[PDB]
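Colleague: Here's the letter readout for the chains.
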Amino acid sequence: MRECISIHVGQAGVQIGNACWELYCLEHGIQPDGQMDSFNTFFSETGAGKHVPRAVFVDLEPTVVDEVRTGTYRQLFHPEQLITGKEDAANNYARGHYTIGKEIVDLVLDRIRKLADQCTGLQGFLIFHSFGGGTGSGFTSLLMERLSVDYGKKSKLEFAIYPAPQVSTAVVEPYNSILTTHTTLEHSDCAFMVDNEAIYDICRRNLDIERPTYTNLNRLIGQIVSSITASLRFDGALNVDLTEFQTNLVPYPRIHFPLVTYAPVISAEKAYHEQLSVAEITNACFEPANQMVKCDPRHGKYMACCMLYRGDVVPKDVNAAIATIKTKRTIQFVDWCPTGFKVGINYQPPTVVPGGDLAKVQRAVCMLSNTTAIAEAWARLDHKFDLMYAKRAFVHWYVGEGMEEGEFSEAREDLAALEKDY
Amino acid sequence: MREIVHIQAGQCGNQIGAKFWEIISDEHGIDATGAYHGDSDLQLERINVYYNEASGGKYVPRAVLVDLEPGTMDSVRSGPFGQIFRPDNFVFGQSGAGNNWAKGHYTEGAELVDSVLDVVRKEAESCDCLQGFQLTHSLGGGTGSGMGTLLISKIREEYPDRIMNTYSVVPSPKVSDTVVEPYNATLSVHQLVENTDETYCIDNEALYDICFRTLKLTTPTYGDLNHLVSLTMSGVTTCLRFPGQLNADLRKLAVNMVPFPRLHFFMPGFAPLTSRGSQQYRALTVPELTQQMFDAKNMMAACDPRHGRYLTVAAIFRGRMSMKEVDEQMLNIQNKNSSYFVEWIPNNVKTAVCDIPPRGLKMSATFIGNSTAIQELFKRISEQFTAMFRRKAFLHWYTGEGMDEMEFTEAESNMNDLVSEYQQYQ
Amino acid sequence: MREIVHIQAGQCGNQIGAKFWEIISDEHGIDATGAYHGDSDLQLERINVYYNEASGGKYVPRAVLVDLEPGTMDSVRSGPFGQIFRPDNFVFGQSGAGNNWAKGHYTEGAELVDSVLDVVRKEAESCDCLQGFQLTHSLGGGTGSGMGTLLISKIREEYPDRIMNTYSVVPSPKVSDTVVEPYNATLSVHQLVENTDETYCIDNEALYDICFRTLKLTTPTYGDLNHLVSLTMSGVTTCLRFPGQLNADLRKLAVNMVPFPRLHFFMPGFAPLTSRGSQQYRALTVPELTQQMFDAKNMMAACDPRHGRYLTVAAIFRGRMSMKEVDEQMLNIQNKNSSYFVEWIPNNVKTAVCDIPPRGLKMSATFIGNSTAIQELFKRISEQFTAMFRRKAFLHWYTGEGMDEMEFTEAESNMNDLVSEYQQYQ
Ligand SMILES: Nc1nc2c(ncn2[C@@H]2O[C@H](COP(=O)(O)OP(=O)(O)OP(=O)(O)O)[C@@H](O)[C@H]2O)c(=O)[nH]1
Ligand SMILES: Nc1nc2c(ncn2[C@@H]2O[C@H](COP(=O)(O)OP(=O)(O)OP(O)(O)=S)[C@@H](O)[C@H]2O)c(=O)[nH]1
Ligand SMILES: Nc1nc2c(ncn2[C@@H]2O[C@H](COP(=O)(O)OP(=O)(O)OP(O)(O)=S)[C@@H](O)[C@H]2O)c(=O)[nH]1
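Residue numbers (the entry's author numbering), protein chains in the order written: chain D, 1 to 36, 47 to 432; chain I, 1 to 44, 47 to 360, 369 to 436; chain H, 1 to 44, 47 to 360, 369 to 436.
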């Protein structure tokens, strides 16, 4: 026995946390109130037939928190773990990092500290947020360094909604993205991808949902986190811990930004049309378009590859499929990283939702790597930042939060050094 | 939560605010008296932003009515939905500045500043958290501009952190309704560069031509102008008032629209706008709107952005569609309008969607954009001011209210610096 | 228990006391005759404070009616609730001082002092324990002020330990109803600095303006003034009359309001005060009252506290709310009104709540505060007295009643010392 803590900041973070808790509740049979020992990794035993999520819901705006506390799962969540803000940063990293974040970071730090107090087997921290959101950038970053300074070497996992190259809710998104990336770089143990446009494209072409909604995105995150945490929440042939995830993909602290991909995303009518075998599902998932990242991995080199099989998957078939994956030349690896393969097998089949886009299947695989194509996105973001900051636009907004342009500039050069480190 | 207090100045401003209030009563399911009858919880969940907690299951608008004459006062109160306002919010003068900025700002504004500050402070304190303000007035008029300037000054010195927007009505270049209206615009802009965080410029002749041609009406009226104004109204404020997959507020727009403190003038937008025998034949799809987002026909403040360059664009949507279509449409808009767009502000389209469409339309789209086209308007205003100030005509009315020469000189210098900065951006 | 005897002087005082008595009959469930019909035990549990044990299941007010003329006598007795008073409490003169202090205090007061002392002693002895007294009169009037001075002197020499309050009516500065009213105010205050433990100053024009503007009445009358007076009435005395989570009495207020024996003048307060078409639209919450606690509009005794400094504030509440909201509201009131407040009296807000709200209102709030604003009123009175005493005009009427020069000199010297001490506090 062991536990983990999930952190949700901003609208995207709150929605993601709610969806993930919906998964964890329906997978273990939790009714909306909390009733009917691996489920203790995310829920706490007190009283009689009771469980509550080990999470904190915080946002500078109370709209999403109000929406959460109006669902049928009010009884499921403790009221005190929901935090309501008053002044949304409005896509401003500095606003949510200094003006409102500094006076509300205390209660959250403080009581996630108790969440660790009753969880002596705290494996790590889960963070869900968005770069585009000013709250989800600033408050998330500051609480990230607060976690680092209050826990030391404790493992921490970040799930960030990176704005897409052509999808941006706010035009000031480069400022928030660059600022948060420079601020939390040294402490970000592992940060993933989310490309909204790639999610929409995959849903429209794979699930063939011409009119999807953010619920599809919500379980897109939900299924990813479920596949990641199945090892901790269910036994398997070779379970994988959170520590090994950062051990394999962080030989150097500078590069800790791996991309994620799921296989498969198939509707029930199309699930009738295809049953999964290891070779086909892996080679489909390794296909660049199947990746939920809008960056072709074949442009650069591959760091490492991690497989997360769940269900009735034969390890020998895994080895054979992975080998025949290796031999083909569409896949290339760095010279000094010949053997960077880790496989995690779990016996728990992926869980379905009623009325969901995904189809109920006994087996699945999670696609886990850090390709060099992320450098393309980083360079494009840096170029956009240079263009839109060259005339110094929207800077006065961050100035009114009380800093001058210097920190913007050296964050730009820090991220440039990160980009050229490849 | 995030309460917004409405203050209306001038006859046009009072009419605009009233029409807004009936439109909000439609959108939130409020009858002519104040009772709620909406069929969905979404209308009444965030009713407190524009309404207050009234006894007997009622709601009253968070509005402040200011004028120097009670003529439009009586017409508005005796008009539709006049009983939804308490008599206390109606405070009026008895002299009238007579389309004079100095009179309405110093002579008659001296005995109205106390009342307007008292009522706005009462509205601010009686609410939970005042997110910001919204003011409507006409820069062509003299009194309304003076009330706008006085209120923005008092708000800035009282609530320097609470942002707002001013929906001022710039006089039409084609028609000189008032001889001394250049002074009014001069002083109003000189105070706006200084006491307002962001401003939308609403020009008459552009909406007149839209009603004439786009709507295909042979008899345009103030009613249609107030209707489109209320559509702009709802389009900007629906993200805060109504739940959305991409939630937004006035603070988000202000952050996304203001690159420099003095560069805060933007030109609002609305679409689609089609008649009965075109709507049943037009495509009710996004491309029909994206061809309508960028055009000099459905264009708001009479200065063509094609001559200048767009600073950045904000687009709010209300309906049932996916988001990626919007993103690719914005990308195509950049791809084809690159020359009309600015090269050094990549992805300058601000994308957000409110889930709830307005009453009677399953889409509405509000185009919030900024371009250096307003440079032409400001330069023409400056040269007109120079033209009839070189002759020193009609200065006696202002100098009789405690005016001075070099004051107007630094006013015109401020607009000169503003237009020079806008040209430098161009 | 803690019985209070009411004595009314002058026509205005008699009307005020009567209106009080009907209001108490409402609050305690007493009909026009005296029978009890209240629906709760709380009304009739402490009825003995203002009523006496009457046979046949009846109750009569503990009131004393004094006048020098029977005109208002007959109107009051023949008016509503006139049968609830025994004929013995009505004692009247037959001459009338004619708005003269000296006449009503020496000439006609000589044959009324015996009667008033006899009746007040009968009321005191017939009761269990007389907690204190309450008197109503007008300082503008001559006779009423003389009766007030005589009664406070006799009470002080007879019951020096039993505190009271006097609800005197200071003449309005704007209107000179009586030419010799400055003498009346002079002598009344000279006796009040000396025979009264604490005094509330009630000024006409302030309540007149409140009825005109705050209540929005085009025809203010004495009835509304007496109504608001009876609200002040109930607001002060509800803590003693009715059970409360924070029980209080007149002794608590006197201890909390009097820092120096000569510094005992305070300016009462009432809220909320809203009309039919504002009450159904206003917020029936505490903040709507706390914005109404501190204002020159709903303000009682015509001198602005903003110019001066508050000494200390007492706030009594009647309704259904928690107490911490009141405490934090008082803290915010300090935080924002620190300049208007006194720095060397920290936490100068006296907080108490009576559980039972008045009839017809689920909150009423009575603002008992003290400020150095009354310094302006006293200084203006002193300078007026100097102005028309330098000319020695209208002195013959007073000197014919046994008056003298340096007596008025030490009177004006006493007000000079009082105003100097108040300025020193400021
Ligand atoms: N993938 C995904 N992203 C979402 C979802 N909801 C919101 N987002 C992200 O949120 C961004 C919009 O801004 P928010 O993060 O909501 O900003 P906010 O919550 O208002 O916080 P502030 O900007 O500080 O006021 C978008 O760019 C999205 O990337 C969702 O359901 N799915
Ligand atoms: N769109 C629109 N414009 C209006 C409306 N009413 C007046 N206007 C415009 O406003 C301008 C006059 O502004 P106005 O507010 O009337 O000046 P004013 O200073 O307040 O006039 P006064 O009170 O001193 S007499 C005119 O050019 C007119 O076209 C209206 O209802 N809708
Ligand atoms: N609020 C209020 N004020 C009143 C009322 N009646 C009289 N007054 C005020 O009291 C003042 C006169 O005081 P008053 O008591 O009538 O003098 P008086 O000395 O008793 O008059 P007299 O008996 O010698 S003839 C006037 O200024 C008047 O405004 C009343 O019913 N309500």
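No wet-lab data here; the hints were simulated from the structure. It is possible that some hints are incorrect.
Listed next, the stretches of chain I that the computed footprint assigns to chain H, with coverage defined by at least 3 CB atoms under 8 angstroms from CB atoms of chain H [claimed, not checked]:
(1) 120 to 129
(2) 166 to 173
(3) 379 to 386
Below, in silico cross-link-like pairs of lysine-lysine (DSBU-like), each with a Cα-Cα straight-line distance of 30 angstroms or less [as the list claims (entries may be wrong)]:
(4) I/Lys-326 to H/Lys-326
(5) D/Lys-124 to H/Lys-218
(6) D/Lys-60 to D/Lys-370
(7) D/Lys-96 to I/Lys-338
(8) H/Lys-402 to I/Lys-124
(9) H/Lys-338 to H/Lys-352
(10) H/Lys-60 to I/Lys-156
(11) I/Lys-326 to D/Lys-394
(12) H/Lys-352 to I/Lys-60
Quick reminder that beta carbons are idealized off the backbone N, C-alpha and C, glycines included.
Colleague: Decide, hint by hint, whether the structure agrees.
Modeller: The hints, checked one at a time:
Residues of the stretch 120 to 129 of chain I with a Cβ under 8 angstroms from some Cβ of chain H number 3, which satisfies the need for three, so the listed coverage holds. Look at the stretch 166 to 173 of chain I against chain H: 0 of its residues bring a Cβ nearer than 8 angstroms to a Cβ of that chain, fewer than three, so the hint is violated. Residue count for the stretch 379 to 386 of chain I with a Cβ under 8 angstroms from a Cβ of chain H: 0. That is fewer than the three needed, and the coverage hint is violated. Restraint check: the Cα-Cα separation between I/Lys-326 and H/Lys-326 comes to about 51 angstroms, which exceeds 30 angstroms; the hinted pair is violated.
At most 30 angstroms may separate the alpha-carbon atoms for a hinted pair to count; D/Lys-124 and H/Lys-218 exceed this at roughly 57 angstroms. Under the criterion of a C-alpha separation no larger than 30 angstroms, the hint pairing D/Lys-60 with D/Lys-370 is consistent with the structure, at around 27 angstroms. Between D/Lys-96 and I/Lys-338 the alpha-carbon distance is near 41 angstroms, which puts this suggested pair outside the 30 angstroms criterion. Among the hinted pairs, H/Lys-402 with I/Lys-124 is inconsistent with the structure: their alpha-carbon atoms are about 50 angstroms apart, more than 30 angstroms.
The straight-line distance between the Cα atoms of H/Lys-338 and H/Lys-352 is roughly 17 angstroms, inside the 30 angstroms bound, and the hint therefore holds. As the CA atoms of H/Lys-60 and I/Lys-156 are separated by approximately 61 angstroms, the hinted pair breaks the 30 angstroms bound. For the hint pairing I/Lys-326 with D/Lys-394, the CA-to-CA distance comes to about 21 angstroms; that is within 30 angstroms, so the pair holds. Between H/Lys-352 and I/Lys-60, the direct Cα distance comes to roughly 35 angstroms. Violation of the 30 angstroms bound is thereby established for this hinted pair.
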